[PDB]
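All chains, please: the whole structure from these sequences, using the hints.
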Amino acid sequence: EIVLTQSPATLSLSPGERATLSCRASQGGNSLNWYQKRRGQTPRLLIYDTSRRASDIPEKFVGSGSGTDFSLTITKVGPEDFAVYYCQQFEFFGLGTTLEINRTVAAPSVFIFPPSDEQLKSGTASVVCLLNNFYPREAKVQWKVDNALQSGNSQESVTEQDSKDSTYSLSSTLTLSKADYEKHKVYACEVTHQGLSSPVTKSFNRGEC
Amino acid sequence: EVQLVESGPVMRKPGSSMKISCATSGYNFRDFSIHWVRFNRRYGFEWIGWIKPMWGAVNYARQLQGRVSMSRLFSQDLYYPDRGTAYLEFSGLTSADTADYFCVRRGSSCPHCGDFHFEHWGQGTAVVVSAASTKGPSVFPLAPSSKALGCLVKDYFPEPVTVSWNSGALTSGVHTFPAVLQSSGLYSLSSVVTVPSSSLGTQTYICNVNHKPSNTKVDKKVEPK
Amino acid sequence: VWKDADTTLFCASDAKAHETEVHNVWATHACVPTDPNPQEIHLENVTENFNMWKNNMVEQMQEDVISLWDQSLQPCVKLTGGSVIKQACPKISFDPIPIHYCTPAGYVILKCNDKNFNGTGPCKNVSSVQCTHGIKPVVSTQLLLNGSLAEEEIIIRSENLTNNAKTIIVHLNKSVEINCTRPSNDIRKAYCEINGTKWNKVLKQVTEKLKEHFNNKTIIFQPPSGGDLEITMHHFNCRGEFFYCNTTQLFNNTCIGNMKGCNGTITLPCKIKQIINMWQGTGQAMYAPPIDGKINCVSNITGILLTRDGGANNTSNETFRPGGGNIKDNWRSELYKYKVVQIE
Ligand SMILES: *[C@@H]1O[C@H](CO)[C@@H](O)[C@H](O)[C@H]1NC(C)=O
Ligand SMILES: *[C@@H]1O[C@H](CO)[C@@H](O)[C@H](O)[C@H]1NC(C)=O
Ligand SMILES: *[C@@H]1O[C@H](CO)[C@@H](O)[C@H](O)[C@H]1NC(C)=O
Ligand SMILES: *[C@@H]1O[C@H](CO)[C@@H](O)[C@H](O)[C@H]1NC(C)=O
Ligand SMILES: *[C@@H]1O[C@H](CO)[C@@H](O)[C@H](O)[C@H]1NC(C)=O
Ligand SMILES: *[C@@H]1O[C@H](CO)[C@@H](O)[C@H](O)[C@H]1NC(C)=O
Ligand SMILES: *[C@@H]1O[C@H](CO)[C@@H](O)[C@H](O)[C@H]1NC(C)=O
Ligand SMILES: *[C@@H]1O[C@H](CO)[C@@H](O)[C@H](O)[C@H]1NC(C)=O
Ligand SMILES: *[C@@H]1O[C@H](CO)[C@@H](O)[C@H](O)[C@H]1NC(C)=O
Ligand SMILES: *[C@@H]1O[C@H](CO)[C@@H](O)[C@H](O)[C@H]1NC(C)=O
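Protein chains in written order, with the working numbering: chain A, 1 to 209; chain B, 1001 to 1225; chain C, 2001 to 2344.
Since the hints were made in silico from the structure, they are not lab data. Be aware that a few hints might be false.
[Unchecked claim] Short derived list, chain B residues pointing at chain A, Cβ under 8 Å: (1) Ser1025; (2) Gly1044; (3) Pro1111; (4) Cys1113.
We put the beta carbon where it would ideally sit given N, CA and C, even for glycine.
Below, the structure written as structure tokens:
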């Protein structure tokens, strides 16, 4: 079979920059295809047979390559050209590459939300922490229950790129039983990030306003 | 133009089977092979197989032998012939068979180009497989601190859930996160909205969570304390 | 000096005016008599590039054999998409004759004389002729009948071997007879006798010759994954009757060489159908019941049509299943070594 590597995965393209990826296929001697896929929508073919544009496609999409390595090129990236990109060789497919809008600063802001009383009457508690923006995506959201660092009992929800301001957002939800929640008092969220001079902690005490 | 249209969303218990159709139009059904591709969520793409509707000849992927069968059917009408639907049968469903399934066809353009240049994609068919059952969500408030506000949509199945505020009057500053699959087999997501801290005693905020599979609609009002 | 070009060819044969047979009647009105003194000019110091997969000669022959079959073979009933066409269906005399294809003035057919020529590469020994050799328009699936053999060794033909959507043509350097019979007394039930000792001997070589093109790994045959009976079985026509034979035994990979006791005569379960799917791509056709007496069609197997079953072959074996389906590929089996060029 044939291996297809799409390294690297993502890069920050300022509106107007040029893209250059690498489809270092295992066994050359063949061609390659390219697909633009805005997630939630269907893939759109762009370049077929190593280097050829498909029907009704703007000439900003440029493809080339030979042997094992291949290259795609976009001239002046548009607002709807930020998506995923995949290459193929016959029955064997690639993994994909993501495009992202740049700048953006470096600092995350942090809201905290205690579980509602209505939910406690069901036997479970959900502590939701809210982050806006925060690039780079390397986060270190640490949960602290009475200064006891928590791990393995929370889950995260990240990307939702807005075309208006190129901002991010992120949720990490802590799930505990009704019992364990009332067992402790202080609940904090430790957001350690590179664009933060010092780790920001937002907290609340159980039962208070 | 050439279009490919597939059947609606599908959820199946593990061990079950599914038959997905794929209506075609805008070209001659006989002249082109139809391949089936599933957009493997966070796995990329895995090619399933093709069918040449001349004799219904098929070639199934080796890593799917004994679980997949394909067939075709030509147009019944005498006034609108040359069309036709293609079909995909999938048996013995488990966990890894949760994906978005597409019917594709090689774009009509060149001769030398091999039979794997998919220019035409169907709208797709989302397919979920678990032991969970259709359930309507509860809606708890993420109340604003007295020192943003939102709604968390928890314990529902299956996808999706759409989120709008005040019947679609407040759209700016709204952040509806993607759903997360809990260990319980049921989904959950979070939706928040940043608003002025002065309008927390004069403005009413309401989140319209919608869940069509369970035919559920909740009107929730988020307030401080 | 010449140039690769395409033009309208004309057919030539030895068809006889008194013959009531289907192919003779067509060739009478459609062809000219065979030239009694064919000449071949060997071009020295001249190489040339061929491609049997892009050959307009193929698309012309296809257009003619369709005409032949539309003129004579007429079903009692036939769908026209949403309606039916009820025509005339008398029993006919059916036995395909050799049909030469020839070039007009200003043009010449170039012939590849390289023995181990696979169909796509360049040739070293090229000659010029005016007409192709005698080619019977035998339509069939899975197996190629009454055709030409390979010059030296078994030759594997394919547009792209790494492409599973490309049908494979196995050109046999040694042919094996297939004796098909419908005895005269359940009147639909026929059979095909084949010398088993000679078949798996040839199929042994086919397996070995195929291992060269796939990194020396094991090679196993499997029954077709699906489709219409015409493609899942050995479909063909003898004496105007449509035969369908089960070829499961023909690919008994267990009995290939090894464990050693698999000799003798093998017979294939066959049936004669009156309701078929037209290879014309025109739909379904209903024919009249068979004719009385012993129907017998002793044919030669000259080639096999395979499609590589391909996916994520993590294991060390390629799976090959029989089945052509594309009758244009039947013509390429004979027209592979010819190319039409325009002179100056
Ligand atoms: C082999 O397949 C490639 C597509 O990957 C195609 O471009 C090429 O023409 C094929 N080779 C030959 C000799 O036709
Ligand atoms: C036929 O020979 C040519 C030239 O040597 C080569 O490029 C091609 O791969 C061969 N094809 C097959 C099917 O062996
Ligand atoms: C030259 O052509 C003859 C007849 O056409 C053929 O048999 C022979 O193999 C060719 N010679 C060489 C050296 O290939
Ligand atoms: C069958 O094959 C033999 C050689 O094995 C040949 O002499 C005969 O002409 C063939 N019959 C045809 C082509 O109809
Ligand atoms: C047919 O070709 C094979 C090699 O492909 C060779 O071993 C065998 O001897 C040939 N058969 C005859 C009868 O020449
Ligand atoms: C073919 O087989 C039939 C019996 O099925 C027999 O009568 C006939 O003589 C055989 N012909 C040849 C050429 O072996
Ligand atoms: C099969 O053919 C072989 C020659 O390869 C011959 O010796 C043998 O007698 C044939 N078998 C039968 C049953 O006629
Ligand atoms: C052919 O025969 C085999 C075994 O005898 C059987 O498994 C297969 O289904 C048959 N094919 C048909 C009836 O199309
Ligand atoms: C394969 O060959 C073996 C050995 O003679 C035989 O027992 C078996 O029936 C064959 N399989 C078939 C004919 O499907
Ligand atoms: C093969 O040729 C023989 C005569 O050479 C003929 O009787 C037989 O019908 C032919 N086979 C087919 C399938 O037409």
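_Hint numbers not upheld by this structure, sorted from lowest to highest_ = Those not satisfied are hints 1, 3.
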